[PDB]
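Only one chain comes next, encoded as structure tokens, the form solved without the ligand.
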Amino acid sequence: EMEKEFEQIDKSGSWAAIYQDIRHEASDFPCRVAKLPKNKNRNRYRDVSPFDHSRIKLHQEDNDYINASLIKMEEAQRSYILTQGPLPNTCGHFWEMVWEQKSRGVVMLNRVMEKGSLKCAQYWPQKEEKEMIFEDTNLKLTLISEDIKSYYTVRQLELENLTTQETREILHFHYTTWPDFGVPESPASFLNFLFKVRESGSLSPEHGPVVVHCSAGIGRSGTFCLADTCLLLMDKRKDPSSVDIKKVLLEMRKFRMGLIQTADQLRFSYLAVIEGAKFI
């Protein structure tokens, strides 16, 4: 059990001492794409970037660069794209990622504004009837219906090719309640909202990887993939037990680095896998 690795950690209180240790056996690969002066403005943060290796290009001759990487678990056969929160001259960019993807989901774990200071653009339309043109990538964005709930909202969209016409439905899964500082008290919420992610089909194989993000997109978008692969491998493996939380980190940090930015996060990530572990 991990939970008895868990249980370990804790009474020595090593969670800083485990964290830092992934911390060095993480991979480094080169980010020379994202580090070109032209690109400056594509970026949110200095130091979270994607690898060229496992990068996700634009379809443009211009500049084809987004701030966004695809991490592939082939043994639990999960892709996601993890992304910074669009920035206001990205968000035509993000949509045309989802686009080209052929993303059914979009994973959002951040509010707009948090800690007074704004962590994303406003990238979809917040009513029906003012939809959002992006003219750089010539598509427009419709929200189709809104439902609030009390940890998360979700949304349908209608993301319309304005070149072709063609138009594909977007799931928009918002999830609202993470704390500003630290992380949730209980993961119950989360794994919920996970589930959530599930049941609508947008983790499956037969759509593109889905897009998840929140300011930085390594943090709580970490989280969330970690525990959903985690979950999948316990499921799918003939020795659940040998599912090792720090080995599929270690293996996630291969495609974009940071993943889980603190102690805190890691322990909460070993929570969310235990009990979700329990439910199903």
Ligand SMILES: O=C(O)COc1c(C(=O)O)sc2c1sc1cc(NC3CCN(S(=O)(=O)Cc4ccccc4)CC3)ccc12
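Definition used throughout: the rigid core is the maximal C-alpha set that superposes within 1.5 Å between two forms. Numbering follows the first chain given and starts at 1. First, how it differs from the form deposited with the ligand bound.
Looking at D180, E166, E169, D147 after a core superposition between these two forms, you find that only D180 has a C-alpha shift of 2 Å or more. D239 is among the residues whose C-alpha shifts by 2 Å or more between these two forms once the rigid core is aligned.
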The other form holds:
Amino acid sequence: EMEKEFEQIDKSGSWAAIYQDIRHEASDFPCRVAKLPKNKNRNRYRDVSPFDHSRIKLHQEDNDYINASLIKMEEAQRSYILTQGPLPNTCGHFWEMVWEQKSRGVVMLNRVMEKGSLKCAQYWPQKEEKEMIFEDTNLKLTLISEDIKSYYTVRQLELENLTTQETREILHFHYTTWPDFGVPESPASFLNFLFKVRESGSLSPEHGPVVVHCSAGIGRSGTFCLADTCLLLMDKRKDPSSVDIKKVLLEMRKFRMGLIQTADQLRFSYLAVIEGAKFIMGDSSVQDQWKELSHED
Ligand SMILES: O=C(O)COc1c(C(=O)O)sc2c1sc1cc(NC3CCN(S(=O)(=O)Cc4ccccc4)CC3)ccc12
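For the form deposited with the ligand bound instead of the form solved without the ligand, what are the coordinates?
Zooming out: every chain and molecule, the one shown earlier first.
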């Protein structure tokens, strides 16, 4: 169905119309807390807000607000937290959220500078010997190691609750070559990275939801989660034909606005899912193929 649909859309060249259709149907819920005056400086973009019903609340009495949404995919049985790139004033909240939600993985799909502008704060330590303390949320963060590939880096971080002295390992997955409002180089490079996240165990139901972020937390992040959810649905039923990508996206859009930002990002999601289906249905060669085609070395 999906590969048929994909061919029928490319032929008619109607990706824009298909994408706009989803924009039209998409849920609309209030974002009243996000729009409170006291939270203006907690939002990176005026027009990108978490719905009240699905927002992550910080466990504090001062101000519980963070620009983050819990995407809870009931049928798939996987949850994601989509959030904006933290601001210089919300890095402590970002890590507070990771701690409180018991996340094991953070997926970052942007660079700190893109198109000459700063799309995200430097919210993690770049050097082992220079750890970060977030005074406001009483948290310590230390770079333990990093594994740099050509187009993505995986970092091991240690997060410490300074109140309890409890520590956890966070894995940081940083895709560095995904342009804003753009698409990955190929399905292969995208899937190579997604499977890295998967193979880390960071997506396990044993943990809290993985935190996923680019700059606004909706375009690239939306693309990432849609592809992952569709592959997981397909996997559970071992039935690629049972997956309706647009339906999955619309469901996801119940939890955060604007997920997937361009028609081509939607088109790419189809490509990645169709290609990833090969692995799901038992082709044990494609994963090595993606690794080679990704040029990660
Ligand atoms: O590929 C990417 O990751 C692109 O990421 C983005 C940016 C970046 O600099 O990286 S800026 C930006 C996005 S997405 C986005 C959306 C946006 N506004 C959208 C938000 C979603 N809506 S909606 O879901 O339709 C609800 C709505 C909100 C406001 C007005 C009208 C409707 C459409 C406008 C403004 C800036 C940005």
